[PDB]
Each structure stands twice: as structure tokens, then as C-alpha cells.
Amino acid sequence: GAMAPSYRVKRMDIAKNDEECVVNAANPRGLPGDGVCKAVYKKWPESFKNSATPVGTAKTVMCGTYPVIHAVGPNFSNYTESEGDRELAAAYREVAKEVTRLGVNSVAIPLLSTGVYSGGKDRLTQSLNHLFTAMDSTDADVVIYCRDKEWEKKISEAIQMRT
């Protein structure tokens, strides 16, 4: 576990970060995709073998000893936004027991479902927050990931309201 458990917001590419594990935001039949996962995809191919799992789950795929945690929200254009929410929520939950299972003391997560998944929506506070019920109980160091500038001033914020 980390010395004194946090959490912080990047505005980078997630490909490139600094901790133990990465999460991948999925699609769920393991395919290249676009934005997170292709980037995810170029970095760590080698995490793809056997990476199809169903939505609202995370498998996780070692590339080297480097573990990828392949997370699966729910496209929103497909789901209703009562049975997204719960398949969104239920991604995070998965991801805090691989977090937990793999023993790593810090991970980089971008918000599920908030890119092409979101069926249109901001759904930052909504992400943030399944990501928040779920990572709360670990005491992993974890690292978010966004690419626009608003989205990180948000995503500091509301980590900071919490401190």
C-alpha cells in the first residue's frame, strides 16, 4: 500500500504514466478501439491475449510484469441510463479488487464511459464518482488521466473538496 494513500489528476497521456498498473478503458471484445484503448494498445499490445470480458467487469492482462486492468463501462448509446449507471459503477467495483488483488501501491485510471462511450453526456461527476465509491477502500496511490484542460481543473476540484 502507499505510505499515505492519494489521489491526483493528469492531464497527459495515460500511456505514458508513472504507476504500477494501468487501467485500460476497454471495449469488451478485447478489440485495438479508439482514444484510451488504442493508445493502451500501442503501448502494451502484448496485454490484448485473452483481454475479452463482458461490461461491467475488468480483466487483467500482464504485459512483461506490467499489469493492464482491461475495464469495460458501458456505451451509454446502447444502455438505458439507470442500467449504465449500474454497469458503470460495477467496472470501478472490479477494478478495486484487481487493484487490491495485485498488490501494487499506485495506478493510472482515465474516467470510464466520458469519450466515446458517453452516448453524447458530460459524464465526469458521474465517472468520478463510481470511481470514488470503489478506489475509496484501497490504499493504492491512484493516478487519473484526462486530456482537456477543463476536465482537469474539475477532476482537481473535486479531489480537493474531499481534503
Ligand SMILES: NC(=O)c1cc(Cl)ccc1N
Given for the second form:
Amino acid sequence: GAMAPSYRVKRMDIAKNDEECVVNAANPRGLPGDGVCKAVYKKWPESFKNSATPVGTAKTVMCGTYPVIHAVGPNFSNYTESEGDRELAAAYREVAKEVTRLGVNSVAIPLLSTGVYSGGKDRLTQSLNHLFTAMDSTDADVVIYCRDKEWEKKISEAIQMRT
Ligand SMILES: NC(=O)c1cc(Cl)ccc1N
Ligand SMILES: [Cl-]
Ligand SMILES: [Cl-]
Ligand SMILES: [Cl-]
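For comparison with the form deposited without the ligand, kindly provide the form solved in complex with the ligand.
Below is the entire complex, every chain and molecule, led by the chain shown above.
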């Protein structure tokens, strides 16, 4: 466990994280993909061996001794708002189980379903709130990675509002 488990946000490539494991915003088929998934494929390509897993699940594959947790958020282009919301909640619950199983003291995590899988909507608050519901009961340091300057500000304010 971390000595005083914390949330932090950084605006940078998750492939340069300083944490003990990474969460990939994966597709269900274990393909190289785009955005976070493409950066993760370039940095840890060995982790894509048998990484296919269903929507709403997470599957960990080791790159050497470094764990890559492939977490599959719903594509809101295909899911109803209702079903998509349930699968996005479920994907983060499976990340919390894997983080706990691995015994890591820190994890790098992107906001699932907020890019190509967003169905054209702003899902910062929806995705971040499902991240908190899952990770609040874990004692790993959680470092959230984003690329937009306005998103960094809003994530930081959300963390600070809980004090
Ligand atoms: N590689 C990343 O950290 C990243 C890339 C995109 Cl396009 C969006 C969010 C991210 N965290
Ligand atoms: Cl960067
Ligand atoms: Cl996405
Ligand atoms: Cl972002």
C-alpha cells in the first residue's frame, strides 16, 4: 500500500508514467488501436499477447515484470447511454480488482470512454466519477493522465473538491 494513498492528475503521455503499472484504454480485440492504446502498443508491445477481453472487463498482461492492465470501456456509438454507463462502471471495478491483486503501490490510469469511444459527448465527469467509485477502496497512489489543458484543470478541481 501507499503511505498516504492520493489522487493526482498529469497532462502528458501515459507511456512516460512514473507508476508501478499502467491501465490501457484497450479495445476488446487486443489490437494496437489509437490515442492511449497506440502509445501503450509502442511502449509495451509484448503486453498485447492474448490481451483480447470483453467490454466491461480488464485483463493484465506482463511486459517483463511491468503490468499492463487492458481495461475495455464501452464505445457510446454502439451502447445506449444506460448500458454504456453500466459497462463503464464495470470496467473500472475490474481495474480496482487487478490493481489490488498485483500488490502495486501506484497506478497510471486514463479516463476510459472519453475519446474515440465517447459517442461525440464530453464524459469527463461521468468517467472520472466511475474511476473514483472503483479506486476509492484501493490504497494505490492513482495518477490520472490526460492531454487537454481544460480537462487537466477540471480533473484537478474535482480531486481538490473531495479535499
Ligand atoms: N497517451 C496519453 O497519455 C493520452 C493520449 C490521448 Cl490522445 C488522450 C489521453 C491520454 N492520456
Ligand atoms: Cl508528453
Ligand atoms: Cl476512448
Ligand atoms: Cl484529455
